[PDB]
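Working from the sequences, and respecting the hints, build out all of it.
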Amino acid sequence: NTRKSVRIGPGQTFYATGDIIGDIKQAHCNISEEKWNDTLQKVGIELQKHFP
Amino acid sequence: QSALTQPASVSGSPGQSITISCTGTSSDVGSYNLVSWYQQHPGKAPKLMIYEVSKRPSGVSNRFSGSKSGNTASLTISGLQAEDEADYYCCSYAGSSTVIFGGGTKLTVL
Amino acid sequence: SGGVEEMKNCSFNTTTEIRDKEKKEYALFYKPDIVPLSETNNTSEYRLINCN
Amino acid sequence: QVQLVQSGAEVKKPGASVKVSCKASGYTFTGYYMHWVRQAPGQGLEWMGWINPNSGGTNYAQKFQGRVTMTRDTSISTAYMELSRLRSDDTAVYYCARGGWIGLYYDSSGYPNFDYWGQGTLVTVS
Ligand SMILES: *[C@@H]1O[C@H](CO)[C@@H](O[C@@H]2O[C@H](CO)[C@@H](O[C@@H]3O[C@H](CO[C@H]4O[C@H](CO[C@H]5O[C@H](CO)[C@@H](O)[C@H](O)[C@@H]5O)[C@@H](O)[C@H](O[C@H]5O[C@H](CO)[C@@H](O)[C@H](O)[C@@H]5O)[C@@H]4O)[C@@H](O)[C@H](O[C@H]4O[C@H](CO)[C@@H](O)[C@H](O)[C@@H]4O[C@H]4O[C@H](CO)[C@@H](O)[C@H](O)[C@@H]4O)[C@@H]3O)[C@H](O)[C@H]2NC(C)=O)[C@H](O)[C@H]1NC(C)=O
Ligand SMILES: *[C@@H]1O[C@H](CO)[C@@H](O[C@@H]2O[C@H](CO)[C@@H](O[C@@H]3O[C@H](CO)[C@@H](O)[C@H](O)[C@@H]3O)[C@H](O)[C@H]2NC(C)=O)[C@H](O)[C@H]1NC(C)=O
Ligand SMILES: *[C@@H]1O[C@H](CO)[C@@H](O[C@@H]2O[C@H](CO)[C@@H](O)[C@H](O)[C@H]2NC(C)=O)[C@H](O)[C@H]1NC(C)=O
Ligand SMILES: *[C@@H]1O[C@H](CO)[C@@H](O)[C@H](O)[C@H]1NC(C)=O
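Residue numbers (the numbering used here), protein chains in the order written: chain A, 1 to 52; chain B, 1001 to 1110; chain C, 2001 to 2052; chain D, 3001 to 3126.
Calculated from the structure, these hints are not laboratory results.
One should not assume that every hint holds.
For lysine-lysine, the following DSSO-like pairs were computed, each having C-alpha atoms within a straight-line distance of at most 27 angstroms [as the list claims (entries may be wrong)]: (1) A/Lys4 <-> C/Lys2031; (2) C/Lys2021 <-> A/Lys4; (3) B/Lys1055 <-> B/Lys1044; (4) C/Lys2024 <-> C/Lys2008; (5) C/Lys2008 <-> A/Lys4; (6) D/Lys3063 <-> A/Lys4; (7) B/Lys1044 <-> D/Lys3023.
Here is the structure:
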């Protein structure tokens, strides 16, 4: 939701998490599949130059 | 954040197109494109006509069409018959997981 | 709302702008920020992870 | 196929509480949202807050907070409503409807895509 503002001391402000509006969902990160696969395969074919 | 602004009623002769519209608040309709249209027959449960501003559901004739322009949202029907004796309702997202409906447009055939 | 499962509520008391008086406040801290103070078997005396 | 059945018509006194049930059959009940609406006779429909039958999460609309509680039960697969402190205009017809898909990665709460409905419950007060 928001930066709920708690006041501490003579003028110090501490910002925290207030409510949550909406439902709860998970935090994800998305990578494309085939781009990752052939980039990984290119690293593989460039890594067999050192290991025979 | 009251109900969406909707006309009172419209009258339509059979066999001609008619357009009905809602207007609202830019924070509700003018930002999110999650606008749907429902219709009601007197006595039974309502039935859905459109999901998005224009993306067709299943089990419905290819006759309704929806459009969104800024604040305004509109439904056009073409070649209307007497089987559409229903009243129409807007349905919109509003933020904070709240849904705002509309007033209602009674449709009378001739 | 009874179904978050990653963030706790964690109400506490704190010093206001007057250092004599204290007030009751709340937040929503994330779960890895928080460790239990094991002075008993009660799972309600939680604390912040940086406090030692 | 699919069914959304509810209880029969009820009459009540003001200041009481009313319980409305909505049972879903024919599909996996814990995989979709449920939104409820209320229609006074003569005027239009009116939204009420949704329910998440997986984790029991609740959100309610404005001018309803405090006097409505919404629960679910996955063993009988039925959503319950307890509404206390009735008032004179609450003589109405109550519907339950199926919402969007529980996506686990995107917020599909307020998506206004109601496909299947119940038969309606008549609640009268005097
Ligand atoms: C990061 O990446 C991740 C990658 O996963 C992203 O997450 C993904 O985000 C998208 C958002 O667009 C989600 O898409 C949504 O998926 C749902 C679920 O669809 C599946 O289930 C359908 C139900 O059928 C099953 O379930 C019943 C339950 O009992 C069983 O009995 C059945 O046997 C089935 O098992 C099923 O119909 C779906 O199949 C359809 O899609 C596939 C695609 O591969 C086609 O081949 C099929 O032919 C078929 O068309 C699928 O298996 C969808 O339902 C959502 O679509 C609805 O919502 C849209 C937006 O609201 C709307 O525009 C659509 O038209 C559609 O509308 C529906 O609305 C109502 C919902 O009930 C109904 O009226 C009706 O069903 C109607 O169809 C949507 O597409 C992904 O699920 C999600 N991935 C995961 C794993 O969760 C993430 O977004 C990325 N992050 C970003 C971009 O930031
Ligand atoms: C994600 O969370 C934020 C939390 O702030 C939501 O923002 C809030 O959205 C509501 C919409 O109902 C805003 O209310 C409106 O405020 C304007 C202010 O002029 C008022 O004119 C309207 O009548 C209405 O009350 C609210 O202000 C806004 N919060 C802030 C700080 O601006 C946001 O909507 C959430 N996202 C989604 C997709 O729901
Ligand atoms: C300060 O507190 C932290 C939090 O409890 C301590 O970290 C734990 O220490 C125990 C004992 O060694 C380990 O078994 C745990 O795995 C540690 N982590 C957690 C998350 O509990 C830490 O030891 C404390 N003392 C210091 C830093 O001197
Ligand atoms: C915090 O302070 C309030 C008032 O000063 C007091 O009632 C309460 O017992 C304190 N402790 C906790 C854990 O809330």
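Going through the hints against the structure:
1. A/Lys4 <-> C/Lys2031: holds, 18 angstroms
2. C/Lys2021 <-> A/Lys4: holds, 20 angstroms
3. B/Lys1055 <-> B/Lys1044: Holds, at about 25 angstroms.
4. C/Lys2024 <-> C/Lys2008: Holds, because 17 angstroms separates the two Cα atoms, which is no more than 27 angstroms.
5. C/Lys2008 <-> A/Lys4: holds, 15 angstroms
6. D/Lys3063 <-> A/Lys4: holds, 24 angstroms
7. B/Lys1044 <-> D/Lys3023: holds, 18 angstroms
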